[PDB]
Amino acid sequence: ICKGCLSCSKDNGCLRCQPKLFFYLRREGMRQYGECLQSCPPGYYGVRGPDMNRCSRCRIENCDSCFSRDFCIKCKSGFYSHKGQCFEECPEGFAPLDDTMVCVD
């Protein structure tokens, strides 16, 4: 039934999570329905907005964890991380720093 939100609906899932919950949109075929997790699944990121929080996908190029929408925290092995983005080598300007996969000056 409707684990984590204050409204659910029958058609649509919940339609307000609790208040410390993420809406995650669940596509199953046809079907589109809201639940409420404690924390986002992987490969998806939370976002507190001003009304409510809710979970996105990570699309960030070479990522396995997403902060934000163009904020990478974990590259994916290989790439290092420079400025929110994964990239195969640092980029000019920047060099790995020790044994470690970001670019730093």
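Positions refer to the first chain, counted from 1. First, how it differs from the form deposited in another entry.
Where the chain switches from one rigid part to the other between the two forms, the hinge residue selected from 39, 58, 32, 74 is 58.
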Given for the second form:
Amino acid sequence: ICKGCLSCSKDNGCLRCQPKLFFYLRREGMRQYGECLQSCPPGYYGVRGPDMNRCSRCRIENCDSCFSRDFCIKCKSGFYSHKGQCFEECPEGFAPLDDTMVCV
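Form deposited in one PDB entry already given; the form deposited in another entry follows:
Lone chain follows.
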């Protein structure tokens, strides 16, 4: 059924979430149903709101997944991840890790 759910409907999935959790509009093909989630999935990050807690679009350059508005986790291929930001080559005073997409 619908999980993590305060108010709920068979058609739209979750309508209101338990307070700690985040509202996520998921597409399974034709349907888009509310979910009430602990962690947002790859490509998203959680946001606490007075209206409700909500999972937002990870809008940041060359970054597959992020923790915040502007802190990245996994960068897209060929980008080196240092200090929460994605970089083309590793920055001056920094060096790419062996066998890694991570600087120092």
